[PDB]
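Next up: a single chain in structure tokens, the form deposited in one PDB entry.
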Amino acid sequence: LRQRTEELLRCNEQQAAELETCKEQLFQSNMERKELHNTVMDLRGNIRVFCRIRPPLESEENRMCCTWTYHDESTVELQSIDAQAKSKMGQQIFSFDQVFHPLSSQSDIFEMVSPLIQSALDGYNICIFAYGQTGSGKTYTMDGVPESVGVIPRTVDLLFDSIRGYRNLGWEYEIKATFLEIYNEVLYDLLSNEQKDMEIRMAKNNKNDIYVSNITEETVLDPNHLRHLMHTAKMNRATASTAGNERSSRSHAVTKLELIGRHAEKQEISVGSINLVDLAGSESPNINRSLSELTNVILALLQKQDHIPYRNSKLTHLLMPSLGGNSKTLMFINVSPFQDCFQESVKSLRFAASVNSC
């Protein structure tokens, strides 16, 4: 039992010596996987713009829509039904990275976002924006409805799903969540009922970063806890669905999910983040500096401008660290199919016309 059981001895020596191999092999693999995913993201865009035309609700059966033409997968055209105007404006055709048909599904739209969730997990900053005139589809796209949840809820589910997988690869993740609203260039903490003076200040240990004073920050326990935090904030956003839409339809909602990945037994951390934004309505009548300046910032980033004026508004200043270089931005342009919206519609599609144009 000495010169007989030595077989069940160095066996561990050979075993453990083979485990460490695989381990370092797997870690280097992930490394290469991560880098390839980013090359794909970089190749696909980094700042992409999608178009989404929503279908008419049941209660709008009698609301006239203009004529829509879907050219392939990324070009859409619309023509006023006003024969007078139509023959005085000429073709209204626009292209985007992708055009989502009114019959497209919520799942259809997440297929475009999910790859970016992985990026956040790899340490990249992501920004998802929903743009458009009040009633175009912004909130339905980000939040969705019970029988058809949108981006945010799908992000939570996928996020905790990937964090699980990461467990068997070393790496443990913590999610820090904040929820805020910007209305008239003033910030509001959607997780508190006691408002304080919230300001966007220069991070203490990084002149290039930022932090918001007096915002509630919760480190998420699990999916349900985040679902609750989200429902709480949605309920506190109390966007005037009753009276005075001048504050609901005129304010931005920003949800930030800071993702911190830690890997003990190999040191090194990984800090990423997901910024989901339900923007203020873009229709025409400060109250909309942030949205105006956000438009400038995005277009500027697209024109590879040497100097971007982020501090120009509350919203751009808040997302500055997530609009950087390696940062990835996804901008959904929500649009209504109604003729009485035509004017506001080309205005929205024209933004995307300033995008691909550069």
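By rigid core we mean the largest C-alpha set that fits within 1.5 Å across both forms. Positions refer to the first chain, counted from 1. What changes on going to the form deposited in another entry:
- Lining up the core between the two forms shows that one residue from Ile269, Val145, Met202, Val186 moves its Cα 2 Å or more, and that residue is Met202.
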Contents of the next structure:
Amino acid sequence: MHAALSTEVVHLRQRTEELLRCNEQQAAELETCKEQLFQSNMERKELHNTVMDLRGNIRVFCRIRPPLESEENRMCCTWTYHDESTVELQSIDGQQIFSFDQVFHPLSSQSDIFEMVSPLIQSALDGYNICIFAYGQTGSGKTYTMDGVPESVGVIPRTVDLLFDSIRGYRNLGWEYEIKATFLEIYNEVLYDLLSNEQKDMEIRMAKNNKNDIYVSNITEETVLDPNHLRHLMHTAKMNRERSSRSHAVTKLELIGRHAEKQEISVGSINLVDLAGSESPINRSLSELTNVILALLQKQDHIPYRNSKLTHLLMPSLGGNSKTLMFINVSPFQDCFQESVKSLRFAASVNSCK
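Switching from the form deposited in one PDB entry: structure of the form deposited in another entry?
Chain alone follows, minus partners and molecules.
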């Protein structure tokens, strides 16, 4: 029937028009709602950075680890908690008393450490560069603090979990993030790619599009596909890892946020560093690191970032906007007393610079 179809047409043209009109309203609500979300996040980002700056752009923390079941009779020096931020030790045989942004004691969980770190993962997604360092003599807690242990995982694994949850969320704002992972060791001034097997030679060079950012030649830079992929690379890296005690390990995650609708990008790094041991027998990098950090604090003209591989590697995450956490790991025992004191005296130098 022709009248049937003539009717269906006339009816579809009515419908088609009410939809076309409705879709134009939705679109126009979307456009402004899209605009107010972008701006609101811009504002949330700035309020966040301000809270980080008020707490301090570089912050030092202490963590005395528990004793080991193994040696239930290494004598521990006398530890005394003057407050939540101040700590003192005495040898068994002046006063050794040190202030920090926070002191973590032997029953502080991994979770508790991460609480100091998780806010900075956001700073990295907002486009800032972050350094988390673990410092102190061998035995003192560094590896346990950064990598940790399957039963109680450390900073790095927690960072990854938060990174994927956070990235999932960001899609709802139009941001498509991409992580670039790299793992490397540093020994006697030479870099080693822990994702490679071939022995190759890698130098640190100025970037393509920013003379202040850094570029490492001939390193494996993996674009993470999902957590499973990262999990694999993590595992792999641990595999290729008294040399280990004198090697610095740097895990780096470069967050690369593209917002196509607005054509803005947001790139921030995370630099997770299991430093080498602070014990007197590193000769170059570890000493230069400590100078570089202290110089930052004193607001000095020029800074010898290029006097060492490590300070060169981390240069774009040490000046200016970057934020920096430093976890001083310490062993409670008496035979570590003098070395523990050396460790803690960097805390003294740090806040000696105000």
